[PDB]
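Asks: From just these sequences and the hints, can you work out the full model?
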Amino acid sequence: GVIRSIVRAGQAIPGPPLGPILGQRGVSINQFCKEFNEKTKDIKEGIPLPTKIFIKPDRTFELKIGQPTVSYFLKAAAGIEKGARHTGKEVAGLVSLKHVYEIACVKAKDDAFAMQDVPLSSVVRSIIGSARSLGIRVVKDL
Amino acid sequence: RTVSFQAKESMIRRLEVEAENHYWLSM
Amino acid sequence: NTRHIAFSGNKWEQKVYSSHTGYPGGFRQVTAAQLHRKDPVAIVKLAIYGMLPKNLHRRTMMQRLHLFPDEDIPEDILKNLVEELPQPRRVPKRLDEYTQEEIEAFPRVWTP
Amino acid sequence: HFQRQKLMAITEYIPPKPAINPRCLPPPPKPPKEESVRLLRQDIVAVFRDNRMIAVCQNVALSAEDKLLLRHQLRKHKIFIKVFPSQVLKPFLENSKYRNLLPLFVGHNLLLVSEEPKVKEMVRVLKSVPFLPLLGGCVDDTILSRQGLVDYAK
Amino acid sequence: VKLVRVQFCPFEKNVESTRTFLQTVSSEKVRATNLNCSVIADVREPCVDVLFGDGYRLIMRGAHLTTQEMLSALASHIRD
Amino acid sequence: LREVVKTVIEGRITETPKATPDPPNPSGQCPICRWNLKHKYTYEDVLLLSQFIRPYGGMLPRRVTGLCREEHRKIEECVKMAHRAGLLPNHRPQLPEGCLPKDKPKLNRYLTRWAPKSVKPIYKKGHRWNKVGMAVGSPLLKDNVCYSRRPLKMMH
Amino acid sequence: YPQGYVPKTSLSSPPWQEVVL
Amino acid sequence: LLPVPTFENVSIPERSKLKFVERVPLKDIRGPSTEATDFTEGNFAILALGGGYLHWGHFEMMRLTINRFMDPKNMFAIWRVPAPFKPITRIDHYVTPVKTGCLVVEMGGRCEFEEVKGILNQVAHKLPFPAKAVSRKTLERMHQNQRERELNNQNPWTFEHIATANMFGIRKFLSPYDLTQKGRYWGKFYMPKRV
RNA sequence: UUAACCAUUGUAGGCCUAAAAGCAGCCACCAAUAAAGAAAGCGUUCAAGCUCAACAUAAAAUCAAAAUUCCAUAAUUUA
Ligand code: FES
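As you go down the protein sequences, you meet chains J, o, K, I, k, r, S and N in turn.
The first sequence begins at 18 in PDB author numbering and counts up by one.
The second sequence begins at 25 in PDB author numbering and counts up by one.
The third sequence begins at 61 in PDB author numbering and counts up by one.
Under PDB author numbering, read the fourth sequence as residues 41 to 76, 79 to 150, 155 to 200, first letter to last.
Under PDB author numbering, read the fifth sequence as residues 13 to 56, 61 to 96, first letter to last.
Under PDB author numbering, read the sixth sequence as residues 35 to 40, 47 to 196, first letter to last.
The seventh sequence begins at 50 in PDB author numbering and counts up by one.
Under PDB author numbering, read the eighth sequence as residues 62 to 86, 98 to 162, 176 to 280, first letter to last.
Calculated directly from the structure, the hints in this document are not laboratory data.
Built from N, CA and C at the ideal position, the CB exists for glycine as well.
Treat the hints with care, as some may be off.
Straight-line alpha carbon distances no greater than 25 angstroms define the calculated DSS-like cross-link-like pairs of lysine-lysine that follow [to be verified]:
(1) 165(r) - 71(K)
(2) 98(K) - 78(r)
(3) 46(I) - 158(N)
(4) 105(K) - 40(r)
(5) 32(o) - 278(N)
(6) 57(I) - 78(r)
(7) 46(I) - 257(N)
(8) 118(I) - 166(I)
(9) 171(r) - 153(K)
(10) 71(K) - 171(r)
(11) 153(K) - 40(r)
(12) 70(I) - 109(I)
(13) 120(r) - 71(K)
(14) 165(r) - 105(K)
(15) 73(J) - 51(J)
(16) 132(I) - 41(k)
(17) 109(I) - 69(J)
(18) 98(K) - 182(r)
(19) 57(S) - 80(r)
(20) 40(r) - 75(K)
(21) 109(I) - 41(k)
(22) 69(J) - 157(J)
(23) 14(k) - 40(r)
(24) 114(K) - 78(r)
(25) 124(J) - 118(I)
(26) 14(k) - 173(I)
(27) 99(N) - 158(N)
(28) 57(I) - 273(N)
(29) 153(K) - 165(r)
(30) 80(r) - 75(K)
(31) 165(r) - 57(I)
(32) 157(J) - 124(J)
(33) 57(S) - 120(r)
(34) 166(I) - 200(I)
Label-pair distances were calculated between CB atoms; the ranges are [what the hints assert, rightly or not]:
(35) 65(K) - 189(r): 24 to 34 angstroms
(36) 128(I) - 40(r): 49 to 59 angstroms
(37) 60(I) - 259(N): 34 to 44 angstroms
(38) 198(N) - 128(J): 44 to 54 angstroms
(39) 40(r) - 168(K): 26 to 36 angstroms
Replies: Right under this line is the structure:
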């Protein structure tokens, strides 16, 4: 069973958001954190990571992780930790072309998140759309 | 009180007769 | 052959006969099917009685009426009998009643 | 009153009766066909014209993600997994280079479209999934069997 | 059902019923349900053979049998 | 028409009876339209009805017959009337394994719109203007040709 | 079947019977 | 496929909600509707099929129900009738007389008829008179159907010819208003199927 | 319009929310793919998770005729 979470690598035992939710199906919580901690060492600590854990009926762990979220990076790039109430029109940061493109080039390395499209148009739309989801406007130049 | 079939026909015939009276009063 | 009469539609289950003895709790309502089960000839007699004129002569006419549930008849009645009357309703034929020649004549409208 | 009611009944509207009911009507003409779907024609036309030989294999209950992975796998084989809704596939022959390949494209089946006669790469794709059945390969856009495909491929 | 064998000739006249029946058997959900089954498809009239451990072998030809008849017959057998 | 013989089984496609050639009205969308029989059949016309019924009295699928829905409802209603009247001795319901009839007498009925099982008795008949009506015939057959001076009394 | 042919049924033919003078 | 319809041109007034109706202020309802028979702003409304008396509770039922369910972003509502003024002695309540064919409430905005059919029908059922939810397209179809039935009538004798010609002295047993109704309106009720 | 089938991936996207991920609130409202609603009803310690819309494969086509005891009998077609 696929369970998607965005928990940060820095903390390997968030508690309710992972521990019992994975535990409810029936798993070893300690085992989950140890492998997540293994991911934490490889990756920078304190940055959210999408996970695609599959909880099979055999009570086994199939942990798959990818690049850190561009959404949080856009929030960090805009210097925003907690956004506006709505964020539909509220904006606190503007991102230019060069910053947008640089991250996209590195982004196209994971078998997950469908980062295999030859054209970069697909890549930009997700981050552009992600910025729309966040309180960020992606202006061409400022 | 639903109208009998015979009653409807009888009035129609009389109406036609009065129509003939109208034509002969038209000249 | 009053036992073998046929009722159109659902008259068997829908027609109810109501009679009152005249004493307390004397009201009786019986369905046509129940009445036939109790007596096959009762239904035929009741219908004729109602159709007959509501006069003193009706009772005398009922005496002259003879109702037999089945084909059995006394021999003397047959000697008294002068003529038989054609059945009012033509009986539709069943699948078996249809002749083999008729089946051949009838066309097959569609092919499965 | 009863008398007024009599007038209403006579004045009641009388509807005319059609000669033949719509279901039991004689065969009437129908409007000319219109191609809505037209976009999908261009995509399939390009891929089939580009690729002379097409290997037609029935699609097992595969996942969308795997198809992209298999699409990349064929890129190693120099083949492309380009597929589109099959309800527009049948009219492809109506408006395309050929009109006679309809029987080959029957049902829902994976199409391996290759422009080059790299037999080994095509055979390797067959080796990827044995349970998946390969209907055949129309080498040089000529109808052929799976066994014939190998024989001609040799 | 330990094994299910489906054989049909696509190049020659191929019956839709047997081909459609193959799709139902070759499904991610159907295969998981009858996990014991080993799915083998023969591609080259069509003959479908299913082998059971108890020795019951059921052979179905789709030339004059629809997929529903095979599915109906197979479904009862799987329950056992 | 396919029949299956039965494990190893074999299905044989057998010859099906063909419709008589030269319909009176060729090009009719439905067979009734083809044969000009729209308003000339009744429940007593078992010969036509039997062709569209299962061997045990079940209704055949409309798609196989190809007739329009209007005739489908009319034909089904006519067949229903025949069954309740005991006019289909060879299409009687199949007894599943070993069941036998209750052996009680069957009342002779015809022109039965609804099943006698589910019809309640009418205790209160009513007066002249409050009389209750007893359904006779079916609404689906209103359009049938009538040879009487006045329309037939559906409610008795 | 010839044109204008109607198989005899309950409703195909009138209840009255034609006569020839 | 074909392009989807759009309601961009539609403009929603600021006063989306319905205004309050006062509790308190002879053939008013025995005739055909002469006012509010045409759609003014919205494409949907409620059409009176009978002559009824609308008390304050009915107005609140229309006002409260419409306001709670309507979307100010895409919907607006207006009042097509005055407040109750006719007293009902026990005075228990006051009512607004309505004539057959009067539009009582009109709603518009960026919405489809099907969206408002359920609410309008519920309001119509709660109304004191028979009523039917109507729209610009549906209302025209009713008139088009009304015209078609009238045009193709096969009756040799018509109500107007007999009434205007005083055949059988029918006018002795008919009211003066009946000539205008032409059999389509009886008392305070209107017969839609009378053609 | 309404009958069969299926549901991948960005992203638990920002919001006081412990946490709310389509689905507590709250947002604006894009992408890839052949086909995915930044979600339609469900589920909700929160989520996992049920389906509807997706794509493929189905097939259709303007309203009727309360307390004494039931109360004519009946009846669908010969002009
Ligand atoms: S008679 Fe033609 S469709 Fe029924």
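Asks: Now tell me, hint by hint, if it's right for this structure.
Replies: Do the hints match the structure? See the list:
Annotation: proposed proximity of residue 165(r) to residue 71(K) holds, straight-line Cα distance about 13 angstroms (limit 25 angstroms). For the hint linking residue 98(K) to residue 78(r), the alpha-carbon distance of about 44 angstroms lies beyond 25 angstroms, and the restraint is violated. For a cut-off of 25 angstroms, the pair hint linking residue 46(I) to residue 158(N) is broken: about 37 angstroms separates their Cα positions. Taking the CA atoms of residue 105(K) and residue 40(r), the gap is about 59 angstroms. The hint is violated against a cut of 25 angstroms.
With a C-alpha separation of about 20 angstroms, the suggested pair residue 32(o) and residue 278(N) falls inside the 25 angstroms cut-off, and the hint holds. Using a Cα cut-off of 25 angstroms, the hinted pair residue 57(I) and residue 78(r) holds, with the two alpha carbons roughly 15 angstroms apart. In summary, the hint linking residue 46(I) to residue 257(N) is supported, as the alpha carbons are separated by about 15 angstroms, within the 25 angstroms threshold. This hinted pair checks out: residue 118(I) and residue 166(I) have alpha carbons roughly 12 angstroms apart, not beyond 25 angstroms.
The straight-line distance between the Cα atoms of residue 171(r) and residue 153(K) is roughly 35 angstroms, outside the 25 angstroms bound, and the hint therefore fails. With a CA separation close to 15 angstroms, the supplied pair residue 71(K) and residue 171(r) stays within the 25 angstroms bound. Our distance criterion of 25 angstroms between C-alpha atoms is broken by residue 153(K) and residue 40(r), whose separation comes to about 39 angstroms. Proximity of residue 70(I) to residue 109(I) is assessed by CA-CA distance (about 41 angstroms); at most 25 angstroms being required, the pair is judged violated.
For the suggested pair residue 120(r) and residue 71(K), the alpha carbons sit about 17 angstroms apart, so the restraint of at most 25 angstroms is met. For the proposed pair residue 165(r) and residue 105(K), the alpha carbon gap of about 20 angstroms is at most 25 angstroms, so the pair holds. Restraint check: the Cα-Cα separation between residue 73(J) and residue 51(J) comes to about 18 angstroms, which is no more than 25 angstroms; the hinted pair holds. Of the pairs offered as hints, the one joining residue 132(I) and residue 41(k) is violated, with about 29 angstroms between alpha carbons and a cut-off of 25 angstroms exceeded.
Under the criterion of a C-alpha separation no larger than 25 angstroms, the hint pairing residue 109(I) with residue 69(J) is consistent with the structure, at around 19 angstroms. With a C-alpha separation of about 37 angstroms, the suggested pairing of residue 98(K) with residue 182(r) is violated against the 25 angstroms cut-off. At most 25 angstroms may separate the alpha-carbon atoms for a hinted pair to count; residue 57(S) and residue 80(r) meet this at roughly 9 angstroms. Distance hint between residue 40(r) and residue 75(K) is unfulfilled; the C-alpha atoms sit about 52 angstroms from each other, more than 25 angstroms.
The suggested pairing of residue 109(I) with residue 41(k) holds, with an alpha-carbon distance near 18 angstroms, which does not exceed 25 angstroms. For the proposed pair residue 69(J) and residue 157(J), the alpha carbon gap of about 33 angstroms is over 25 angstroms, so the pair is violated. Using a Cα cut-off of 25 angstroms, the hinted pair residue 14(k) and residue 40(r) holds, with the two alpha carbons roughly 23 angstroms apart. Between residue 114(K) and residue 78(r) the CA atoms are separated by roughly 47 angstroms; this puts the pair beyond 25 angstroms, and the hint is violated.
The suggested pairing of residue 124(J) with residue 118(I) holds, with an alpha-carbon distance near 22 angstroms, which does not exceed 25 angstroms. The straight-line distance between the Cα atoms of residue 14(k) and residue 173(I) is roughly 23 angstroms, inside the 25 angstroms bound, and the hint therefore holds. For the hint pairing residue 99(N) with residue 158(N), the CA-to-CA distance comes to about 12 angstroms; that is within 25 angstroms, so the pair holds. The hinted pair formed by residue 57(I) and residue 273(N) fails the criterion: a straight-line CA distance of about 34 angstroms is larger than 25 angstroms.
About 34 angstroms separates the Cα atoms of residue 153(K) and residue 165(r), which puts this hinted pair outside 25 angstroms; it is violated. A hinted pair counts as satisfied when its Cα atoms are at most 25 angstroms apart, and residue 80(r) with residue 75(K) does not qualify at roughly 31 angstroms. Under the criterion of a C-alpha separation no larger than 25 angstroms, the hint pairing residue 165(r) with residue 57(I) is inconsistent with the structure, at around 38 angstroms. Taken as a hint, the residue 157(J) and residue 124(J) pair is honoured in the structure, with Cα atoms around 20 angstroms apart against an allowance of 25 angstroms.
Distance hint between residue 57(S) and residue 120(r) is fulfilled; the C-alpha atoms sit about 22 angstroms from each other, no more than 25 angstroms. For a cut-off of 25 angstroms, the pair hint linking residue 166(I) to residue 200(I) stands: about 10 angstroms separates their Cα positions. Between residue 65(K) and residue 189(r) the beta carbons are some 28 angstroms apart, a value that agrees with the proposed interval 24 to 34 angstroms. Under the hint 49 to 59 angstroms, the C-beta atoms of residue 128(I) and residue 40(r), about 36 angstroms apart, miss the expected range.
Our hint of 34 to 44 angstroms for residue 60(I) and residue 259(N) holds, since their Cβ atoms are close to 42 angstroms apart. Taking the beta carbon of each, residue 198(N) and residue 128(J) are about 50 angstroms apart, inside 44 to 54 angstroms as hinted. The hint said 26 to 36 angstroms for the Cβ distance between residue 40(r) and residue 168(K), and at roughly 30 angstroms that hint holds.
Checked against the numbered hints given earlier, this structure breaks hints 2, 3, 4, 9, 11, 12, 16, 18, 20, 22, 24, 28, 29, 30, 31 and 36; the rest are met.
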